[PDB]
Structures are given as C-alpha cells and as structure tokens.
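Residue strings, one per chain:
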Amino acid sequence: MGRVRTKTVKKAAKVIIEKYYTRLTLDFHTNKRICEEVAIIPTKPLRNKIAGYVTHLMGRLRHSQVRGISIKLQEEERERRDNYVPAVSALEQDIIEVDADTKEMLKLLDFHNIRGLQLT
Amino acid sequence: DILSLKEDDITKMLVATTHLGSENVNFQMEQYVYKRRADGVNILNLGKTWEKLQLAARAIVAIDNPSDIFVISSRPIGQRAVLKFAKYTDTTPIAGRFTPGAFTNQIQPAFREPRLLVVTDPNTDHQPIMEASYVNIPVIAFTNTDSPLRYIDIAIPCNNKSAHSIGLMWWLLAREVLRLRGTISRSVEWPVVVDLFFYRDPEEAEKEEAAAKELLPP
Amino acid sequence: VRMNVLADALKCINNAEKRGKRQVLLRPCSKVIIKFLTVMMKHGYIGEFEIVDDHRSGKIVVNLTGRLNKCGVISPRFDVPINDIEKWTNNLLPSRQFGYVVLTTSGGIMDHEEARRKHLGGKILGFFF
Amino acid sequence: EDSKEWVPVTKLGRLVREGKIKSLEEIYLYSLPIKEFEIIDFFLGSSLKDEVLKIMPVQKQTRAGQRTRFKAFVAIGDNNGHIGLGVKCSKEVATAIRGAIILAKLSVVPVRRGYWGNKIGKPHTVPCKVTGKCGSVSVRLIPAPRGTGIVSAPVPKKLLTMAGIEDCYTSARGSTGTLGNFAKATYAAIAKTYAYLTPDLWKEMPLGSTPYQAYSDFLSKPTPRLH
Amino acid sequence: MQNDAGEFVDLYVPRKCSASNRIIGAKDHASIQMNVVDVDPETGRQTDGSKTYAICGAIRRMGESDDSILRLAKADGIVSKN
Amino acid sequence: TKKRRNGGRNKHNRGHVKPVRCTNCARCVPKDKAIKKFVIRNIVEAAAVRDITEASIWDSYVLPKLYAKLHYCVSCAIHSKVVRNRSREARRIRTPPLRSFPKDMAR
RNA sequence: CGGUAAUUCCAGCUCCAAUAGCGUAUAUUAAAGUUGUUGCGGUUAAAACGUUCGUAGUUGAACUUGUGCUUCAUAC
RNA sequence: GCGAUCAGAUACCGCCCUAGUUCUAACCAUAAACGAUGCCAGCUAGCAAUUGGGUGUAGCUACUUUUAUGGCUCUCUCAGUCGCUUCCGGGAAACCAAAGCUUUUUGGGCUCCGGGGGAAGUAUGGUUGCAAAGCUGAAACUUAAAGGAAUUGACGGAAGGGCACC
Numbered sequence: 001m002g003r004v005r006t007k008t009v010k011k012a013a014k015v016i017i018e019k020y021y022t023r024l025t026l027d028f029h030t031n032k033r034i035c036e037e038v039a040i041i042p043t044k045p046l047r048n049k050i051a052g053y054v055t056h057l058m059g060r061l062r063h064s065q066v067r068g069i070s071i072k073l074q075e076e077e078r079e080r081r082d083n084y085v086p087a088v089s090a091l092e093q094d095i096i097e098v099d100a101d102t103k104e105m106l107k108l109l110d111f112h113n114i115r116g117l118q119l120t
Numbered sequence: 001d002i003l004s005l006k007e008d009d010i011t012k013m014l015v016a017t018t019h020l021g022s023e024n025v026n027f028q029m030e031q032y033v034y035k036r037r038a039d040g041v042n043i044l045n046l047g048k049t050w051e052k053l054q055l056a057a058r059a060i061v062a063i064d065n066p067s068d069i070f071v072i073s074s075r076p077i078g079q080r081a082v083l084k085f086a087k088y089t090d091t092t093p094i095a096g097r098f099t100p101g102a103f104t105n106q107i108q109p110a111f112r113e114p115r116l117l118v119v120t121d122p123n124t125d126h127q128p129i130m131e132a133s134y135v136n137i138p139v140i141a142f143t144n145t146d147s148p149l150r151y152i153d154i155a156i157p158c159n160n161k162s163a164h165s166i167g168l169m170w171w172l173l174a175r176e177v178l179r180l181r182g183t184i185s186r187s188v189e190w191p192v193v194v195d196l197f198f199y200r201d202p203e204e205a206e207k208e209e210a211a212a213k214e215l216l217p218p
Numbered sequence: 001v002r003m004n005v006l007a008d009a010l011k012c013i014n015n016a017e018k019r020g021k022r023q024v025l026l027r028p029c030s031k032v033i034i035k036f037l038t039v040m041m042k043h044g045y046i047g048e049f050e051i052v053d054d055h056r057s058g059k060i061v062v063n064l065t066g067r068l069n070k071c072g073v074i075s076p077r078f079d080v081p082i083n084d085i086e087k088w089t090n091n092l093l094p095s096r097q098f099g100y101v102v103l104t105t106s107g108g109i110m111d112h113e114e115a116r117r118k119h120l121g122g123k124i125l126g127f128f129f
Numbered sequence: 001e002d003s004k005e006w007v008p009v010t011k012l013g014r015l016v017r018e019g020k021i022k023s024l025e026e027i028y029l030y031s032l033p034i035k036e037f038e039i040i041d042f043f044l045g046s047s048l049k050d051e052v053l054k055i056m057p058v059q060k061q062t063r064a065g066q067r068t069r070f071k072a073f074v075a076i077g078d079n080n081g082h083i084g085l086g087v088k089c090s091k092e093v094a095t096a097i098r099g100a101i102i103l104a105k106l107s108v109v110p111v112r113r114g115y116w117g118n119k120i121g122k123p124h125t126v127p128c129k130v131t132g133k134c135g136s137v138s139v140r141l142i143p144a145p146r147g148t149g150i151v152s153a154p155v156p157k158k159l160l161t162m163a164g165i166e167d168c169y170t171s172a173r174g175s176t177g178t179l180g181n182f183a184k185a186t187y188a189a190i191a192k193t194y195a196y197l198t199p200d201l202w203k204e205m206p207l208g209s210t211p212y213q214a215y216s217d218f219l220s221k222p223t224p225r226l227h
Numbered sequence: 001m002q003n004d005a006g007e008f009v010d011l012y013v014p015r016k017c018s019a020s021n022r023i024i025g026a027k028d029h030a031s032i033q034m035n036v037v038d039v040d041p042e043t044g045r046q047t048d049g050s051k052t053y054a055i056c057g058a059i060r061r062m063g064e065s066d067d068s069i070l071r072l073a074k075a076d077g078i079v080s081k082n
Numbered sequence: 001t002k003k004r005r006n007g008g009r010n011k012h013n014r015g016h017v018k019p020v021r022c023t024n025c026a027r028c029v030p031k032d033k034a035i036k037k038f039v040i041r042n043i044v045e046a047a048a049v050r051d052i053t054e055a056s057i058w059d060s061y062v063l064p065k066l067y068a069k070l071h072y073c074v075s076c077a078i079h080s081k082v083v084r085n086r087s088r089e090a091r092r093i094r095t096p097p098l099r100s101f102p103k104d105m106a107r
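Protein chains in written order, with this note's numbering: chain V, 1 to 120; chain Z, 1 to 218; chain H, 1 to 129; chain F, 1 to 227; chain C, 1 to 82; chain Y, 1 to 107.
No wet-lab data here; the hints were simulated from the structure. Careful: at least some of the hints might be erroneous.
[What the hints assert, rightly or not] Below, simulated BS3-like cross-link-like pairs (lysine-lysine); rule was C-alpha separation at most 30 Å, straight line:
| hint | chain 1 | residue 1 | chain 2 | residue 2 |
| --- | --- | --- | --- | --- |
| 1 | V | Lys-103 | Z | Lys-48 |
| 2 | V | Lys-107 | Z | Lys-52 |
| 3 | H | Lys-87 | F | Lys-157 |
| 4 | C | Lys-81 | H | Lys-21 |
| 5 | C | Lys-27 | H | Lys-21 |
| 6 | C | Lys-27 | F | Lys-49 |
| 7 | Y | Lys-18 | Y | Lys-65 |
| 8 | Z | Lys-12 | C | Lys-74 |
Please work from the sequences and hints to get the whole structure.
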C-alpha cells in the first residue's frame with residue numbers, strides 16, 4: 001500500500017524468474033540468499049527490496065497469472081491448449097436450418113438441392 | 001470446375017451463419033448482400049463471396065517470401081483463429097497490441113516494414129491499416145456491412161462477428177493458398193481437422209484436457 | 001432559373017472526376033450543346049456520350065475516360081475579332097502547348113487553332129484543359 | 001571519411017547498398033517511403049549543395065520567465081531537377097543547422113522542366129501553369145521564354161536556381177515578409193509538376209515492376225551481405 | 001515532354017492510375033502496385049505471368065479500393081461468372 | 001470567439017420564443033437556453049420512511065412522491081454544480097453518461 | 001538608438017554607393033490583385049437593407065435543314 | 001421616499017406605490033430585427049432522427065367480425081429541417097456540406113455594400129415625425145496601430161482531484 005515497488009525492483013524482476021523459475025520456490029529467506037548467485041545487488045536493502053516482491057507473487061504466479069511476464073514452462077502446454085475437441089462438426093450434419101429466403105439462394109446460386117427446413 | 005464454388009463447403013458456411021448481415025449498409029458496401037429480412041436480418045449473396053475468397057487467394061500467392069505478410073486481429077475473439085492460422089502459412093501472427101508506430105525499431109535489424117496485409121476485423125483495426133496506409137500496403141480483409149472501407153483491398157463480408165464464423169473463414173483461405181502452389185495435391189480434403197481455429201470454450205477456459213481424456217477418479 | 005443552358009451543363013462534368021464519377025447524368029439536349037461534346041471527342045477528352053430525348057427537352061448521359069483537368073466558360077458570349085484572339089489564350093490557358101479555348105464564329109463551332117487557320121472572328125463560349 | 005559506413009534501417013536502403021537499385025527514379029515510380037537520408041547521399045552528394053534561408057527565432061513561454069528556441073529555414077537541391085525544403089526547432093543553432101538539413105533529403109522531388117512555345121533542344125522551364133497555395137501564400141507559376149531569368153521575390157530565387165529552372169514569370173499575393181508559408185508553398189508548388197496530366201503523357205505504360213518482387217531473393221536471405 | 005528528336009528527357013514518367021486515370025504523385029504515399037496472378041483452369045496450380053495494377057490513394061481515401069479491382073478483374077476476365 | 005456550434009437551444013425556423021423565469025434567479029430567459037432539470041423527489045427524504053411504516057393507519061400507505069418540472073438559468077447551474085465545464089471537444093455530446101447507479105435526489 | 005565602459009549623436013578613421021552627378025521637398029504612376037471585369041472581401045478581422053412584394057434596371061430555357069451518298073483533285 | 005450594507009450606495013437586497021405592460025382608435029419604423037452568413041438555377045457523402053403528403057406491406061394489432069375505416073411496424077418516396085461522421089473540398093483558424101464548385105493570376109444570374117484608427121453615426125442643410133427622434137452623412141485636425149482565431153503563463157479569490165501544524 002504505502003510502500004510502492006519502484007521500477008528497479010520491478011523491471012529487473014521480469015527476467016530473473018523468466019530465466020530461472022526452475023530451482024526457485026516461494027520460500028523468501030532462501031530466495032533472499034539466491035540473489036547473490038544469479039545477480040549482483042549493490043546493497044542488501046535492495047536485496048531486501050527485490051526479493052520480497054518476487055516472493056509476494058509466486059502464488060499469483062501459480063494462480064491467475066497476469067500480463068507482463070512469461071513463464072516458459074506453461075508455454076508448451078498452450079499447443080495442447082490448441083486441442084481438437086471431438087467431435088465438433090456441422091450441427092445437425094447438413095444443417096437443415098434455412099431462413100426460406102436464402103433457400104432460393106441455396107437453389108439459384110448453388111445446385112445443391114440438399115435439405116433445408118424453414119423456422120420462423 | 002474446381003476453381004468454381006465447390007458447394008460442399010458452402011454447407012459449412014450456413015453453419016458459420018454467413019448468410020446473416022449487419023444492418024447499417026455503408027453504401028460502398030452494397031453489392032455482396034442481396035436482401036433484408038424483417039426483424040433485422042440482411043441476407044448476403046454467398047455465391048459472390050466465394051469468388052472474393054478466390055480474388056483474395058489470386059492476389060496473396062505469387063509472393064515469394066511468406067514472411068512479410070502480416071495477419072492482424074485486435075479483438076481477442078479473432079486472435080484465436082489467426083495464431084493457429086500461421087502454423088501452415090509462414091506469416092507473422094500479430095494479433096492484439098500493434099504498438100504504434102511500428103516505424104523506428106529498437107532491437108531488430110530487420111525493420112518492421114510490412115509488405116502485404118491481412119486483417120480479420122476492419123473496424124477495430126482501423127489504426128494498423130492507417131499505420132500501413134503510409135507505406136504502400138495492400139490491405140486484404142474480412143468485413144461486414146457497416147464498415148469504413150477506406151484503404152481496404154480487398155474486403156470479404158461473411159458475418160465477421162461470431163467465433164463460428166471467423167475461425168472457419170481462415171480454414172478456406174488455407175486451402176486456396178495451398179491449392180495454389182502449396183502442395184495440398186489439388187483441392188483434396190485436409191490432412192488436419194478443419195475446425196482448429198476455434199474457441200474450445202470461452203475465457204476462462206474450463207478444464208477440458210488434451211486429447212479428451214476423462215478422469216477415472218473424481 | 002436556368003439562366004444559361006450552356007454553362008451549367010459544363011460544370012457538372014468538372015463536378016464528376018473529383019470524386020471520380022466516371023458517368024454524368026446531364027440535361028437538357030440543346031443543339032448548340034450537341035455541337036460541343038464531340039469537340040472533346042475530337043481530341044479524346046471524355047468517354048462515350050449519348051442522348052435520350054423525352055418529348056420535353058431530352059437529357060444526356062456522358063461517360064468519361066478521366067483525362068480532363070477543368071472545362072470552363074466565359075460569360076456571356078464576348079465578341080472577339082481576329083486580331084485580338086491571342087489575348088484570350090494567355091489569360092485562359094496554362095501555355096501555348098496544350099489546352100483549347102473554344103469560340104464560335106459565323107462559320108460554326110471550332111478550335112481556336114482551327115479558327116487560326118479558318119480565320120473568321122467570333123464569340124467565346126468556353127474553354128477547357 | 002564518412003565517418004560511418006551506412007546501415008540500412010529498412011530493406012529499401014538494403015537494396016541500394018547491395019547495388020541492385022541504381023536509379024533515383026526507381027523509388028519515384030511507386031512513391032517509395034524513403035525514411036533514411038543515406039540513400040539521398042548514396043545517389044547524390046554530387047551537385048547537392050545547401051543554402052540557409054533564415055535562422056529566425058521563436059520563444060516558448062514558461063513559469064519563469066522565458067524559453068528561447070531557434071528555427072532555420074533551409075533548402076538543399078540538385079542543380080538540375082531536384083530541391084528539398086525543411087525546418088526544425090532547436091535550443092541551439094549548431095544543433096539545428098547540422099540537423100535540420102537532414103529533413104529536406106526526405107523531401108527531394110523530381111522537378112519537371114518544360115518548353116514554352118517551341119519544341120527544340122532540352123526543355124527548360126515548366127510544363128504548365130501550376131500554383132502552390134499554402135497558408136495565404138499562392139505562388140503562381142507562369143511559363144516564360146528564354147533570356148528572362150527567374151523573376152520572383154528576392155528570397156525564393158536561391159530555391160529555384162538550385163532546383164533547375166531558368167525562366168519563369170512568378171509572383172504571389174500577401175505578406176511574403178511572413179516567410180514561413182512562403183518558402184513552404186513553393187515546395188508544394190514545384191512538387192505539383194508531376195501532378196498534372198499532360199497529353200504528352202496520354203500513352204501510358206508497361207504498368208509496373210515492383211522491385212520488392214524483383215529483388216525478393218536478397219530480401220529472403222537473412223545473411224548480412226556486403227557490397 | 002518528349003523532345004523533337006524522340007527522347008524521354010525530363011527525368012522519367014511517373015505512374016498513372018489504372019482504374020480511374022489519375023496521376024500518381026511523387027509523394028502520394030498511399031498508391032499501391034498490387035500484382036494479381038493466374039490459375040491453371042483444371043485445379044489450382046498457379047502459373048507465372050501476372051496482372052499488376054495501379055490504384056491511386058484518392059480512390060483509396062473514399063473507400064473505393066475494393067470494388068475498383070472488381071472492375072478490372074472482370075474487365076480482364078480473371079474473376080468471371082459474376 | 002464562437003464556441004457552441006448551433007449556440008443555445010432550439011431556435012430552428014422560429015425566431016424568438018416563449019420565456020419563463022428561473023426559480024433560483026428569475027433572470028427571465030427563453031425556454032430553450034435554460035437548464036431544465038426534472039425530478040421526482042421523495043417526501044420523507046428516505047429517512048422517516050421507517051417511522052411512517054409504524055405510524056401508518058394501513059399497510060404502509062405506500063408513499064407517493066412529488067412531481068414538478070423546475071427551471072434553472074445558467075449561473076444557477078454553475079452556482080449549484082449542476083452542469084459545468086467540459087473540454088473544447090467534450091461539449092459535443094448530449095445523450096450520455098451516468099453509467100453507475102440509479103441517480104440520487106429522487107432517491 | 002543617446003539615461004557614463006554608446007555598432008545609429010558630434011568628429012577623425014576606413015568602408016560603400018552612384019558618378020559629372022548626387023540631394024531636398026512637392027504632386028503622379030508603378031510596387032498596388034491596398035480602386036479590381038479580367039483581379040480580391042462580407043460567418044466573425046471594416047462590413048446583407050429586419051422584412052416581403054415591387055416597376056425603371058438587367059439577365060433570360062430548349063426547340064427552327066443536314067450527317068450522309070458517289071467520284072476526284074489528296075494525305076499516304 | 002425609507003432600512004441595511006459601505007468609507008460613500010444615489011446600487012447590487014428588502015417595503016410601499018408612481019409611469020406603464022392590459023384591450024379599442026391610431027402614431028413613430030428602428031433592435032445583437034442573429035443562424036453576427038441576402039435571395040433563385042446545378043452537381044458533389046454519407047449516417048441517424050423526424051415533420052407532413054404519397055406508396056408497398058408478399059405487416060401486425062384493434063374489434064363492428066376474421067374484416068372494414070383505425071393504430072403502430074417495415075419498405076419506397078418526394079419538401080426536406082435537425083444532428084453526427086470524416087474532405088477524401090474550402091478556408092488565417094474555430095468551425096462549413098455548403099461559407100465548397102470564386103482552382104489554374106476566373107465567369108451560373110441580378111442587387112446593395114466595405115478600404116486602418118479614432119474624428120463620428122457628431123456637424124451642416126434639405127426630407128419625414130404631434131414628439132423622443134429617422135431615412136440620409138462629410139472635413140480640417142490627430143494616430144502606427146485597433147483587432148481576427150490559435151499556442152503558451154493562471155490543479156493571479158474560476159471550475160473538478162489530491163498534500164505539511166512554513
């Protein structure tokens with residue numbers, strides 16, 4: 001609320017999980033320690049800055065992810081979010097619904113004399 | 001012949017509510033629709049628009065590199081069709097935020113100069129065509145009856161409002177670009193299923209898993 | 001009121017190609033006007049023009065090829081002798097190269113260079129380019 | 001010394017640095033959007049010299065108490081058939097005079113030269129009567145025969161000599177002492193010389209080449225090819 | 001333009017609109033040279049030899065981009081049976 | 001220094017038309033160019049509504065409201081924050097907006 | 001511009017101008033498309049009688065003998 | 001005339017009535033009498049309302065009965081008038097569908113009518129009014145600017161939103 005995450009603690013945060021979400025958890029006091037390995041902070045109060053916020057979003061990472069960040073671990077399942085749902089096709093296989101003024105357009109443009117039933 | 005309408009596909013256009021047209025006419029948009037029903041149903045000449053798929057098809061081919069054709073949809077109901085549309089043609093799927101202007105780039109040595117343009121929606125994407133209008137771009141599009149037809153060549157009206165309409169219109173174009181020097185082997189049935197440009201369920205997508213596997217424990 | 005039946009017919013031709021009207025619905029079929037549209041076709045300025053005749057006045061349809069810039073009219077018919085036709089070139093034309101003012105003398109309706117060979121002084125109706 | 005070997009932003013300058021475009025008209029058929037000044041210095045630089053028009057000042061009003069800014073009208077142009085105009089604000093003159101002149105290279109127009117009354121020997125002045133109306137400044141161009149130089153105001157003669165005309169009766173109406181629309185309108189006046197249909201141009205064309213398609217092979221390769 | 005001794009003297013000849021006969025201005029950056037191509041009449045099989053056209057932006061500003069090429073395709077018989 | 005396009009209100013093919021005075025200033029102004037708020041305001045101001053239900057002879061009598069079309073002039077609108085001060089462009093709509101709640105002062 | 005460190009004043013200095021001519025004032029045309037038909041302006045920058053009829057004014061539709069037909073001088 | 005208020009109020013606020021608004025008979029005839037834009041002919045773009053009149057319902061609804069006259073809805077239509085859209089027109093701009101087509105040193109007709117301020121809508125006469133006053137209208141003198149829209153300084157007691165015991 002009263003303390004706002006600044007640009008340095010936010011815009012630098014968008015890659016460090018994106019590069020190293022693997023082998024990183026929500027446990028803060030060890031993720032506090034991990035900042036020295038992947039990064040170099042000048043001062044540990046900025047480690048007290050940048051590590052608390054990224055641990056204040058790991059459940060929000062896990063549940064209801066918000067734009068601006070990419071996980072790269074759920075990115076491959078989006079191709080299986082590109083799933084065929086069997087078996088969607090034509091609804092009643094023709095379909096027989098016709099507006100009875102495009103029914104002549106089914107007859108005059110198309111030579112298809114296939115089944116069309118009018119519903120008012 | 002085969003370059004004629006192939007009327008079995010028009011049976012799927014009735015599934016895609018392509019006969020329905022929007023009510024404001026925009027007098028430059030007149031020729032493709034035929035009649036208006038009472039209680040607000042405009043009825044379009046569906047035999048016309050299939051040849052306008054062809055005129056769209058006859059223009060998009062005979063361009064050697066398939067990269068510098070850019071497919072556009074800002075509305076998220078159209079983004080579902082177009083990013084999977086680029087799985088077969090080699091276009092760049094740019095759907096949603098177009099970040100104007102695209103005209104002094106930051107990290108890419110290949111400048112964001114489009115060459116050819118396809119767009120789903122003419123109305124909400126009135127800005128990126130205006131982006132492209134500065135730099136001499138043909139803007140092929142789908143459309144509806146109520147549309148500012150400025151700088152649009154060409155415009156394909158079917159329904160342009162429902163996911164069952166818009167996802168299937170990309171399926172027909174993927175035939176004709178592969179029917180015309182794209183080794184589909186002469187207008188035969190797709191190897192793939194022809195409805196993958198679709199919302200499986202509206203967002204947020206309910207947990208229907210991959211390959212339709214059902215839960216054995218509850 | 002339709003004051004001059006000549007000039008009003010001319011301007012709607014100029015009020016076609018700006019929004020790109022390739023056709024012109026035009027009124028009211030006077031034989032002085034029929035002596036004028038073929039002069040455009042005598043240098044190929046417009047497309048095909050045709051005239052239906054109702055039994056009041058007749059009316060004209062005009063197709064256009066799109067090569068025109070502006071057709072104009074001096075009003076009314078100023079009397080011009082031979083020795084002073086050259087004054088009406090430079091004030092009305094872009095240059096001596098192209099363009100044609102059109103007057104009519106006692107021999108008929110013609111081009112000015114046609115009149116510069118026919119040599120008979122007459123009255124200006126209009127001009128074009 | 002360049003001092004920098006020019007990089008192409010877009011593929012258009014990539015095409016001219018590859019040497020596959022050797023014609024300044026090649027962009028001029030389809031009005032190609034030239035948004036790098038290096039292509040102007042690729043084909044030209046020879047006979048492409050510059051002259052400043054004014055260095056006139058402006059002011060920006062602030063909280064306390066003023067803000068002074070500069071503004072310099074300038075015009076580069078090839079000595080036969082081309083000209084460019086432009087201007088740009090700057091908080092210092094040397095930031096303007098070395099930077100504002102870049103803009104006019106994006107405004108290089110082919111100037112069509114014409115005869116007046118006789119079709120012999122390398123047309124000189126102007127095709128037809130063309131006016132440039134821009135902001136109470138209507139420079140009307142009237143073709144002239146030989147001997148008679150470019151008559152104008154005392155100011156725009158340096159534009160028209162570095163464009164390529166020799167003979168023209170020319171004026172305008174209004175406050176030319178408000179110079180800001182005056183040199184700008186001539187830039188729009190002389191540009192319209194290819195916006196007039198001529199019966200000399202009534203035969204058309206082989207209808208097009210589009211060097212995108214004619215040079216897509218170099219476009220398709222992702223290799224940074226030299227030469 | 002052309003001299004007495006038959007030469008394209010000036011610099012070049014700028015383009016002209018195929019559809020509605022206008023000029024193509026040197027800075028009019030909304031003019032398109034689009035190149036539509038042919039079909040083998042049996043089934044697909046695009047051949048070479050294509051149909052380029054010139055459309056001016058003044059037509060493209062009014063919104064008559066689309067059906068203007070519908071005139072030329074029927075005038076060239078490419079899109080037929082309409 | 002013309003800002004409105006048509007000007008005030010509703011002077012199409014008439015000339016000069018009916019006035020009635022404002023209530024809170026009575027600068028006598030024509031009926032078109034004066035701000036015309038219309039309100040069905042309630043009687044108890046939504047606070048004694050729970051008290052009259054106990055003191056009612058019948059089952060709550062259910063309470064009516066008042067109806068009177070009031071008429072305001074321009075400074076009356078601005079000296080009570082009725083309608084004020086859009087942009088040079090945001091003066092170009094009439095029909096929208098409220099968008100949030102069933103409007104109070106009725107209520 | 002001159003109100004105490006003067007690029008305009010008074011001198012000297014050099015520089016320039018046109019040159020046997022320079023200057024003054026005064027009317028006149030051009031510049032001035034700021035007396036205008038060509039050649040502007042009238043929403044507001046100076047500006048449509050509040051009004052409608054209404055003669056003198058002034059301007060007025062269309063329609064009122066020809067393309068041809070054959071030949072030659074004649075381009076080719 | 002009187003009370004306040006104020007330094008003063010001869011005013012902004014109150015109280016009283018007086019000319020008069022009233023309708024009949026006339027008499028001036030001017031207003032920012034404004035859409036600060038004269039009138040008639042033509043073309044050029046939509047979109048949406050709505051007035052009347054037509055017309056088509058291959059419309060419902062009304063019951064006098066399914067009807068009928070009648071209502072609404074849709075369709076078409078002329079006179080439009082409003083509004084909105086974007087020149088792709090035009091302007092110095094706000095704004096404009098005509099203020100556009102007066103661009104190319106341009107032309108659809110006809111009338112008045114302006115040439116910097118202030119002198120000044122004052123004098124001088126005529127003309128008209130029962131009058132208060134109008135159609136009418138200058139000059140020596142004096143002046144280098146008066147204004148046209150727009151940008152910026154006013155989150156300079158002016159609107160809307162948020163801050164410290166300067």
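Hints, one by one, checked against the model:
About 16 Å separates the Cα atoms of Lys-103(V) and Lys-48(Z), which keeps this hinted pair within 30 Å; it holds. Between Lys-107(V) and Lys-52(Z), the direct Cα distance comes to roughly 20 Å. Compliance with the 30 Å bound is thereby established for this hinted pair. Using a Cα cut-off of 30 Å, the hinted pair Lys-87(H) and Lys-157(F) holds, with the two alpha carbons roughly 29 Å apart. Pair hint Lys-81(C) plus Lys-21(H) holds up; C-alpha atoms about 26 Å apart against a cutoff of 30 Å.
Taking the CA atoms of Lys-27(C) and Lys-21(H), the gap is about 24 Å. The hint holds against a cut of 30 Å. This hinted pair checks out: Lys-27(C) and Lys-49(F) have alpha carbons roughly 22 Å apart, not beyond 30 Å. A C-alpha spacing of about 29 Å is found between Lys-18(Y) and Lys-65(Y), which places the hinted pair at or below 30 Å, so the restraint holds. Proximity of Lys-12(Z) to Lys-74(C) is assessed by CA-CA distance (about 28 Å); at most 30 Å being required, the pair is judged to hold.
The structure is consistent with each of the numbered hints, conforming to all of them.
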